[PDB]
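The chain below stands alone, shown as structure tokens; this is the form solved in complex with the RNA.
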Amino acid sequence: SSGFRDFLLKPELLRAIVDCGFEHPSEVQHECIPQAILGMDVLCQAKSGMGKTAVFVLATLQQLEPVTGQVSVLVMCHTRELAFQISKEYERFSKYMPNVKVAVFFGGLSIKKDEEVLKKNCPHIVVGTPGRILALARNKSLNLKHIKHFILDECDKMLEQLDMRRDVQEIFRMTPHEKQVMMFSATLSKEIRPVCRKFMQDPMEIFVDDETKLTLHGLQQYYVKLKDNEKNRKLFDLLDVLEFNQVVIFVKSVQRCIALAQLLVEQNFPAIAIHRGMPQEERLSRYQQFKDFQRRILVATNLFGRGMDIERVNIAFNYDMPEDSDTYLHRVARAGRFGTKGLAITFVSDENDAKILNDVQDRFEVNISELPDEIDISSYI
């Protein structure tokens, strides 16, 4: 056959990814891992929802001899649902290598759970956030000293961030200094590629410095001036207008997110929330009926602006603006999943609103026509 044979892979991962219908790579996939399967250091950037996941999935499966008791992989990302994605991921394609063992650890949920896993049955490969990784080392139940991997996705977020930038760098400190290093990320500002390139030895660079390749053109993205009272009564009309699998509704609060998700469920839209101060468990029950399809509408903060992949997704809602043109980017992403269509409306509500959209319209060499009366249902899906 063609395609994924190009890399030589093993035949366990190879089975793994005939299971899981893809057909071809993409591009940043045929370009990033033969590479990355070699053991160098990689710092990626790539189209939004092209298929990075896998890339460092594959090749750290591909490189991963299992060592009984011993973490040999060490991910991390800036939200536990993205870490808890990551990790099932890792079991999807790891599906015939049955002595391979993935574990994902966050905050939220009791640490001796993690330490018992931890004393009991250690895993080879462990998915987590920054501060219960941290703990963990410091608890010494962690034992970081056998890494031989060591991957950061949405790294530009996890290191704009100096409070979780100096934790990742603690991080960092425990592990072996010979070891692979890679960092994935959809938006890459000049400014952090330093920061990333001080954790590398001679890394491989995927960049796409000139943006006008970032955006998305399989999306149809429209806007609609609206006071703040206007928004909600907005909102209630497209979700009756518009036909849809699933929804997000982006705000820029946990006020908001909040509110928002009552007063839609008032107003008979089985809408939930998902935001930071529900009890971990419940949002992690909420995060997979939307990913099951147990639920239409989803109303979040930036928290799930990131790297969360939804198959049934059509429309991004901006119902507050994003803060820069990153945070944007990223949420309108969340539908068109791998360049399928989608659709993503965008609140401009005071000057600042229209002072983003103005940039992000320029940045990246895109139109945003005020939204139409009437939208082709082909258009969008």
Contents of the next structure:
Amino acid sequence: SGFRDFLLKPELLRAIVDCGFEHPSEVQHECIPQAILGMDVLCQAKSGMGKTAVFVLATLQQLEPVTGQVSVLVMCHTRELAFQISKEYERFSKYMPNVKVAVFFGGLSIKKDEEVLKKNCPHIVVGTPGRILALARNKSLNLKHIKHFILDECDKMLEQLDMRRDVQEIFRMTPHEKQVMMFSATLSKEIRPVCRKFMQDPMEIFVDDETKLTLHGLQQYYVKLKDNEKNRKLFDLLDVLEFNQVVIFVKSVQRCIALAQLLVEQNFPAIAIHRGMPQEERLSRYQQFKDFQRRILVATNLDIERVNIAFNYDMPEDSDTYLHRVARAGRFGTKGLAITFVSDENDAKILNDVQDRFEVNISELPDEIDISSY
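Got the form solved in complex with the RNA; could you also share the form deposited without the RNA?
Just the single chain follows, nothing else.
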């Protein structure tokens, strides 16, 4: 891996291979060396660019565990986010059993958080601004030993007056000499001042959007149908079209699991991957699809792309999702096939925006006296 040029603890580099990371992203090359040396950093980059990994590895790397002491403080604006970063820490500390983690957010009893803090104080704390605040004031949470204060999606978090006020108070109960890092999708609607408050001459860093996905060199067609007609059409298209591997996109986690099932009952080498499945599992099944073990993939979400045909079993939420689902442009340079299903005017509207945004055309799927293989 290219993470070696980062010289991380071996126990850490191991977790990096199990997570399927082969190479670091631009923001990882851009923000990781400074994060590890203990500098205050302001790493800004468009979503999905690879930011969380940066503070997770960097802290796991500097972290020097002390029983009964919390050394890392991570905050998120939504509990859905904290929960995931908590899992992120878990996945990278896999070979560091001595390192402990815990998340605290509202929606749960504050008495359970205190139970964790008393029975098995963690070294890393993740959570929302208000609950943390409560624990710190309860006195259950002692923040006088924090050495790493990280704010994720600071824009969003700080663009909320009440929460912004909690982040500042928390910040004040923490030591003065410490590493502070912020990560944001935007440069924010004038959030730099609040930022010049937490960081002593921090390093501003900006990584431009990497790889503008394009709909060029892609054959795109639609197939008008009823929802009760889709399965037969899908299956008939799997007997006619030629491929090596295919991805299919379904809305709900349920539809996703019921389709791959049905595909298996008809002897199609299909495996599924939905939004509910935990990461460690998504990579297990993604491996059987990259390994070419299986031929069809039924995803709810979504490198090399040995896939020749991409399906939108049911229309994608909007123009962008379509572009981020279909557009073949990960690594190897080639073409592709995109067939989309439509069952109402809602789907129609979405496909029409696709034709307008990207000035492209999408005709009905054909097959006259020929086929379509070129």
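Definition used throughout: the rigid core is the maximal C-alpha set that superposes within 1.5 Å between two forms. Residue numbers count along the first chain shown, from 1.
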With the core superposed between these two forms, a CA shift of at least 2 Å among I274, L136, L82, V181 belongs only to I274
Large Cα shift (2 Å or above) at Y287 between these two forms, core-fitted
yes
Rigid core fit then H30 CA moved by 2 Å or more between these two forms
no
Core-aligned C-alpha movement of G107 between these two forms reaching 2 Å
no
